[PDB]
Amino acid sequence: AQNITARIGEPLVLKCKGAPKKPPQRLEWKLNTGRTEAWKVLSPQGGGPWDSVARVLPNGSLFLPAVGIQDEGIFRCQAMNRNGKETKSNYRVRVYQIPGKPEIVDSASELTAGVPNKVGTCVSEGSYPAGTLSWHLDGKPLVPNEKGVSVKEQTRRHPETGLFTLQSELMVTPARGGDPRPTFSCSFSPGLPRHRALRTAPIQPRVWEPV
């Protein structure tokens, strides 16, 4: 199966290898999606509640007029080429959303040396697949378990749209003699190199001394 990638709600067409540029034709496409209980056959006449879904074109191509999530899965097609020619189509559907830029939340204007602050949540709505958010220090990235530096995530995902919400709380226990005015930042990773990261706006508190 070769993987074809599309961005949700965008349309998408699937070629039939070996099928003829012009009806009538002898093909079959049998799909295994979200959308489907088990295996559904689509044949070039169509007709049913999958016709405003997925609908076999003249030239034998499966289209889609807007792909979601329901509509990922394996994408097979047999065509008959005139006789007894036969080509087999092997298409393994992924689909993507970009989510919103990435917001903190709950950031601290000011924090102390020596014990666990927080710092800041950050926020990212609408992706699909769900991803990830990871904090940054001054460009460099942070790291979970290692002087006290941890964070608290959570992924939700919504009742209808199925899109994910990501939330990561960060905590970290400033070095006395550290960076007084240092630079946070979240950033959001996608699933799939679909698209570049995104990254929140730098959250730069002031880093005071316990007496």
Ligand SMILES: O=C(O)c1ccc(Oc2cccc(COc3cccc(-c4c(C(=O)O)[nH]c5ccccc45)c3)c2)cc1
Given for the second form:
There are 4 protein chains.
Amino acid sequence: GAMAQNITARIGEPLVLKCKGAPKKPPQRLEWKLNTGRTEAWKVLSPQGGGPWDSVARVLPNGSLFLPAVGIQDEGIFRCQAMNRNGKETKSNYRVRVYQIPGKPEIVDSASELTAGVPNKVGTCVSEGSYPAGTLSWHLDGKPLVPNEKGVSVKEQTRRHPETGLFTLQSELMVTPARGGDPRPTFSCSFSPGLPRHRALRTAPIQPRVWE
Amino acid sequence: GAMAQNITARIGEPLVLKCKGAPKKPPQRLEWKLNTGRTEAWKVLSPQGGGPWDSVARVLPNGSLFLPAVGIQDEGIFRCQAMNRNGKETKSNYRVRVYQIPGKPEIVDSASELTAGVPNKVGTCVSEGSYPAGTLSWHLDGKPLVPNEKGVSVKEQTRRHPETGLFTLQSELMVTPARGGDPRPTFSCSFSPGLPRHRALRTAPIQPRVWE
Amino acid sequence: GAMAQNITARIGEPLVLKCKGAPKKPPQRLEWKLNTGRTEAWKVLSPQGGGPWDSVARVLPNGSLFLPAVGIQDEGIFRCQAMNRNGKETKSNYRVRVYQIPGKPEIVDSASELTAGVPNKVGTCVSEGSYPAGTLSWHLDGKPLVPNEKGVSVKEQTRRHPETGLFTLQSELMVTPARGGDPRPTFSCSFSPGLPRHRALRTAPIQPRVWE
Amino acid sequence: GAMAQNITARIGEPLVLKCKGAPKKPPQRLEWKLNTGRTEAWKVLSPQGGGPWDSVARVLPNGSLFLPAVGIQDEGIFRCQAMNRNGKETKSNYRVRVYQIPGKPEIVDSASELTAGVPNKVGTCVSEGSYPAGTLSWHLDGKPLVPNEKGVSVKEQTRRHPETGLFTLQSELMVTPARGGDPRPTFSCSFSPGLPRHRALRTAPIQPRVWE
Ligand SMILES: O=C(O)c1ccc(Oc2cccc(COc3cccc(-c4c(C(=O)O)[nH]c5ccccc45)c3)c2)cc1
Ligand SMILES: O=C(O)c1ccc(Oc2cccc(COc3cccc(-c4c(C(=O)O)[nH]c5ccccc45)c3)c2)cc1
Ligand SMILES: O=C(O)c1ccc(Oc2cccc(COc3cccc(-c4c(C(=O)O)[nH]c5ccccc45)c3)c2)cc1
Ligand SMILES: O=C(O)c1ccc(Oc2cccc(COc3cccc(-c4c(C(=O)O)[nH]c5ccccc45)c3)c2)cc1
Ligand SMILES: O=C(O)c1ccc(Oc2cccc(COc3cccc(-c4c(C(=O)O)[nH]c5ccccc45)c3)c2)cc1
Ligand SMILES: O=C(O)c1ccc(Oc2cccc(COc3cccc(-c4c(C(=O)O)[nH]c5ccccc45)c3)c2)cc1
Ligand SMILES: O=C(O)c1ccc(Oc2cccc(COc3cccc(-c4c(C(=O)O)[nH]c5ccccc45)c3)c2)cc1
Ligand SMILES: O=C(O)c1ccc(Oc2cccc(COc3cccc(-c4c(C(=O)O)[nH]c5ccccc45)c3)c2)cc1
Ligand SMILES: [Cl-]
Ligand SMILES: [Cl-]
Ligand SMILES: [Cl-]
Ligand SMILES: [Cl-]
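Can I have the other form now, the form deposited with the named molecule bound, not the form solved without the named molecule?
Zooming out: every chain and molecule, the one shown earlier first.
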């Protein structure tokens, strides 16, 4: 596509997109075009508005485009073209990516006892309500545990909420503790969001006992 | 995929899918699995049910799966595996395709006068509310008009309703009437549904006058 | 989207799209934009060309866009904007839909004997190499057989070729012949293409014997 | 979906997926099923193989599934079900995610001079050949620069190679340097892969002069 301003918009929240170059108040020669999950290719929106699109995205007095409550289908591209009172045309180009933050992740079915030298189920980490899916990962004593290295194995599951579309992730950790190791290790699980710069979320630790 | 029974399900209507081989009433060893626009790959549904899926698809006393109001995202594959009281396992495999019937098509901006030997805009046909999109076509004196043959031009547009997903189609017809032709031709437009065996819908005719 | 000329382009064949309004030969102020399965949103192509796109779509001396061999990923929208020597701007807007014609359909595993009053497997119809998928249907004595009416049942299967993407369809017909019926019925199967105005293809008939 | 082992497979490289529980050499009662970008829902692959799938994915003597050169369309789910010589059934479930590493990122059009207190174009960072797309970000003196905080502006562009599908990313940085700031700041750009635990790639720094 073209160069654009990246916009990250949280599901359910309003979004206001600026029409660069527009007169501050009507009358305004401006047009918005958007290609999102709602549209077949580009849809043009005008200041007068009208129709079912009024429920979804409407042009404000100052020419900005307003969505009262962003949803997954609003992901896409939003563009404005305006003329000011002199006649200079100005373009605005936005790439809108939608997200939701899940609840704090939780560990379920955690083991209280591990045996060294054999594979053990440590626990299952669960995260509910993310978009995009994101990923879960495990840590041992503040260091990331890497699947398929050093007796670590992980299995993963992804489900979607049937009405909201939001993701639930599950991650099952097994480890083979090394003989003569730490007898009270500390494990935890973290959720890493899909979009850049969004913060990770972490579970409470679990501290099994390891038997030599 | 595998062999399946094709099911066509109208948007907004209920759908009941039979679990072949299931005992007529509980207790029943049966499981439904579905992969639709709602799911990440396969989702398993059990007779006890539970959770958010209860709002969408639930197993009936006789083991059938019930959706109170089908939507676009229920398109996909629905399977049942049952054991009867003896131990015979029986599979059910359904490919569910969703549709909606648009309103009767309408011609707008129809021409009252055509000039022979030059291109004329005859009219614009509009169909609102279909799924899948379907197509519009034009007829002249009960015979199909073929675009880019014999001085016929057609342009087409597709839009989607922002909340329902249903399609609105527009088709603009231009013709160059042949000299010495019928002076009161009869044009009409038809909507052809996307799914097989669904009936076409037709507009009222228009009867312009052609000037030699 | 906007009004456009519909273009149907057969896979593997060349496609030439006209840039309306362009000067017949260089120099030409024209630009092509396309959004297809190959692109992230819109890609701009210029007369000078250059790069990997030269292998796929290149601007001709007369300003038309040339694709030497259309593929499934060329489905999408293709637009031109040209200025003539005076300064009139002219737009060209094309919606390109790709297709392939399968081989003639064939019936396999046809039954030689049917018993009246009980369900019988009549045969399996197979079509290989279509795009879009299209559909198969059955006929009895030159009339369409409707699944789930009058002792008819059909099961269907769709597969894709792993490298070409083209569809293979299979359709299994079972019928319960009515007692005292025609003792040498004639069945056949037809492939119906997905795009409008494309012709159906039909199998050779089969003529089982029916036993009262 | 179900619990699965996550597999990350580099485009163009071979992939071997183990059929857990299978006998070490024929005869083997095992079956692979896969749902990927190549398939319409599930495709079953058998030890005898055969057909066009032999070019893509074939079962080895030890029952593993072998793809000689993974492509984007092999993303998806791969399952095995085996019985050993005793009769024990064993399942294998793999979620295969494909990737490619881009070339080292490069800064182009870098500025030699910045003026403090006014917006300046610092440069454009480009990354070629990634899958999935991944993201670019900017750093100032070893700290991440956050768009739309403290006089920082970023615009982004994504394109796809028309034949390979791989992504090229561009990121244009503008900054308003703070008065009385460091007169020789150090900027750099980093590519962050889409999949977890894959390493970032970083550009050589640029060191413009800032004029008070
Ligand atoms: O679900 C729904 O129904 C729904 C959705 C969104 C929504 O919020 C809004 C979102 C955007 C904008 C607004 C104000 O728009 C207005 C109100 C009054 C005049 C105008 C308008 C102005 C001018 O602005 O003076 N110049 C114009 C020039 C040409 C044509 C129209 C205008 C715009 C309200 C409200 C309801
Ligand atoms: O911060 C920003 O907003 C921003 C960031 C980067 C940026 O680079 C670009 C420079 C030139 C072109 C482009 C893509 O084409 C664009 C972008 C925006 C509006 C339009 C546009 C055009 C028309 O042009 O025909 N008609 C329109 C009618 C209605 C609404 C929009 C348009 C086309 C992108 C432009 C703005
Ligand atoms: O507005 C909408 O679209 C919407 C409407 C309703 C809604 O909740 C439902 C969702 C799905 C299906 C249904 C009903 O089928 C149902 C639902 C629940 C139980 C039964 C049922 C009854 C009995 O009913 O006595 N005995 C049972 C015994 C065994 C198993 C089931 C039942 C039948 C209700 C969710 C959304
Ligand atoms: O009219 C019909 O319903 C019908 C039409 C054609 C037809 O051909 C087929 C024959 C065999 C297999 C298939 C696909 O696999 C299927 C089909 C249905 C259920 C299952 C299944 C299996 C499991 O098998 O492991 N576990 C399950 C657990 C829960 C729910 C379903 C299944 C697998 C299709 C079968 C039924
Ligand atoms: O796979 C591949 O590599 C491949 C793909 C497609 C292909 O066929 C073609 C497809 C389209 C066009 C052509 C001629 O283009 C040409 C040849 C010579 C000059 C120009 C050209 C002309 C002018 O035309 O005089 N004015 C121009 C004005 C500005 C910039 C360039 C030109 C165009 C060849 C050939 C190879
Ligand atoms: O037969 C036909 O070709 C045809 C059929 C219907 C038809 O209706 C339309 C009327 C107006 C607008 C539209 C969509 O927008 C279009 C259509 C075509 C080119 C452009 C365009 C614009 C720009 O406009 O900024 N810049 C461009 C730069 C490069 C290449 C194309 C464009 C925009 C469609 C137009 C032509
Ligand atoms: O350019 C490409 O991407 C491309 C490359 C190669 C190609 O054909 C192949 C496709 C998939 C896999 C392979 C090999 O694994 C294979 C293939 C065939 C047989 C065997 C094999 C051998 C034995 O080999 O002795 N004994 C066997 C005994 C039992 C089962 C298999 C084998 C191993 C070859 C298709 C495309
Ligand atoms: O490390 C691993 O491999 C692994 C990780 C997690 C894991 O959890 C699961 C436990 C049970 C079920 C599942 C999903 O269903 C699966 C998984 C694998 C094969 C099958 C399967 C079935 C059939 O079952 O009818 N027929 C088949 C025929 C051919 C090929 C595969 C199957 C079904 C997942 C299983 C294995
Ligand atoms: Cl799910
Ligand atoms: Cl639309
Ligand atoms: Cl397939
Ligand atoms: Cl692109």
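Numbering follows the first chain given and starts at 1. Heads up, when I say rigid core I mean the largest set of C-alphas that superpose within 1.5 Å between the two forms.
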query = Can we say the CA of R199 moves by at least 2 Å between these two forms when the core is superposed?
reply = no
